[PDB]
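Taking the form deposited without this ligand, here's one chain by itself in structure tokens.
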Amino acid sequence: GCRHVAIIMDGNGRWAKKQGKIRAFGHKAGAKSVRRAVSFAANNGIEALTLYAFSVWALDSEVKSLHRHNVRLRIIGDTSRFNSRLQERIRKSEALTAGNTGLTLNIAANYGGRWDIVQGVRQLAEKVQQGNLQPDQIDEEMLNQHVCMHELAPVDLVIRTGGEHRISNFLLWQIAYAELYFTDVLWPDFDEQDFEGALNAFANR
């Protein structure tokens, strides 16, 4: 069974252009597709769902709602430049939902897979400097403990919408053994049948 799905949500801009409408309009139907995919994952017993915007201030309004649905919210990515009022909103949102036991929802914000690895490297380098760790002691498992989502089920399936066939520096370390699923369907149109189409692909491998 599929435990942890990651989705690259591409196609909002193309979609808007197809409908002879501006970017703004695509983002908003995109947000609608986010809620449906979240709901579909929670109702189908997926443990973790990780979303990458490829094509945050709008998460204030959705948090109370996620909490009641027993959803644990996390933001992965570099939030250190972000102004400190938003940093503390993200912190409160995380804190509010952290004891929740349903779907863990990871939102990648200013995330890059290379950045993710490097930040973990930096941490082991600090340890080496301090005298706490020898070079030859560093192995896969220890680096794993310092990259994003090490406490979750490993990523089983990566879905990319919108037609491109690339990871584009989303998760790198984490997807060594994931099924990759590429669809031409643009993010605002990706619905429950597309999502199940992708879980199918994973079951057939």
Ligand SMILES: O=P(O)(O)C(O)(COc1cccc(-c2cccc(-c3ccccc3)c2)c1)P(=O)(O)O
The other form holds:
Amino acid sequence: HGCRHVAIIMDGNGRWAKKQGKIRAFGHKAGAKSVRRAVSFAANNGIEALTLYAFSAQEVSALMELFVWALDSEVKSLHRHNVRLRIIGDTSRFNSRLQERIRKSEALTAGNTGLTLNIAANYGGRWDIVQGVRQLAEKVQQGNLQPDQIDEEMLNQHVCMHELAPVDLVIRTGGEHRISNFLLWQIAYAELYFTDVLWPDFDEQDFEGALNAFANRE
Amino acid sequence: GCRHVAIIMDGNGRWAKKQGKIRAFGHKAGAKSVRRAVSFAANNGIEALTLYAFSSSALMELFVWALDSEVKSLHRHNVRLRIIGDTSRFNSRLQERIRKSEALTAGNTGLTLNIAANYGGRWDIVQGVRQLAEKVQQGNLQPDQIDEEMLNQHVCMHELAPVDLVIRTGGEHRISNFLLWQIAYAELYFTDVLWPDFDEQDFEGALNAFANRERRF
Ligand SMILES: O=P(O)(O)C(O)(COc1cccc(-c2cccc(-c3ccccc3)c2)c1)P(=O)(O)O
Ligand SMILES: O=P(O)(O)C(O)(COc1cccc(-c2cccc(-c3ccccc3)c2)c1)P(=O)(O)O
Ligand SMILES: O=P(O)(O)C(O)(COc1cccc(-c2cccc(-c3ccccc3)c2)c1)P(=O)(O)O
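Let's compare: the form deposited without this ligand is above, so bring in the form deposited with this ligand bound.
Everything in the complex follows now, all chains and molecules, and the chain you saw is the first one.
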């Protein structure tokens, strides 16, 4: 398929549950179930990297804590499937507990030869670029880099997922046709694939539809 | 209410071939397709229209000629012209015609027509970064005082309404290093129609599409 890195904006969980006459909890359950199925397909299909983003003030900060807490149960199962785990996003405003709980994770799986999975939490694409810019701002304040020296190639080394294959394909489920400030810098050349299917119903045959669409769109 | 539309014009060559004609025959049709798109945007209350030609010294001269021969009309139609992109390596005459074309129509209140010229989305961001890095050297700025809004004031078209809709003709589904920072929230519309055939009807439907989706989401 000539597809190395896949990014998915997951969406439709709430909508999926409403149609079934169910409450959000039931949808998240079906969503998470869909997250496992998607990873699996990535591993079993030589995909190199898979980046996921769950699309939706105080609660938010809490919701991210439930996320880190749950992101503790599944880590073990991930190592066992030979998956390297990366967590992009603004994890700097997160307490020191969850952060170790993160590097522990990335540390542990760090050496797998399986798929590289990255999960966005408190991620922004403008912010992503910003914080890459802040790193260059520091080098300039130190006195080692001249403004006119900064080029695309340089800044690209400072944004999320620089060590990885560039994103070849972005898939958005749930019907909306917006990037909604997920990856910006990283998708300058990516194939954009939008589908009406709601996330919980997104499956292998749907992930195949997109890789075939990408492969054929060459 | 779609205020700012961005278009990636593509499929001029493919279009020619289909007629079994040469690459130049399609450029001619593309240019008519550009005029019609601009009449439409302006006749329909759009604030800004951003055009990006997609390709895969002769050119710099057709540039001067297009500007020389087409700017009086844009001005009569009250269109405000802007060229976005790196115009630094263009011979000074082109650079001077561009500056004057802009300066001529700077004050118009009609539609603002932004023409991408040797523009790249990452470049746009990088140049903004360079401006900020000068103010960090000048010691007027501290690294942790940079935020999305600050970066936002130095990316192309920061002074205009945010881009609401990006239309790409020609069938490919990529942004291809066109606007990047600017489309974090834009509607993205893909159509297989080829740029020279893309018309007032194709346009109306993209806009309608935007409306219905703006209503659903
Ligand atoms: O390759 P198989 O046929 O042995 C199998 O499909 C592999 O199952 C997995 C493959 C890839 C990833 C997982 C997995 C398990 C548990 C949690 C997660 C996980 C994925 C994404 C975010 C958090 C957690 C993934 C399981 P199985 O069902 O575990 O036997
Ligand atoms: O469409 P929404 O507003 O129901 C939502 O975007 C759905 O997004 C998800 C997609 C896939 C997986 C999840 C998810 C997995 C596991 C736990 C949770 C979760 C747990 C507790 C509270 C909120 C979310 C979410 C969420 P949200 O993040 O749950 O609000
Ligand atoms: O002949 P009509 O009825 O289509 C009409 O002239 C259209 O008016 C226009 C509005 C805005 C811009 C134009 C226009 C005219 C000629 C050239 C260009 C032009 C567009 C893009 C690049 C270079 C030139 C735009 C015309 P009018 O506004 O309805 O009088």
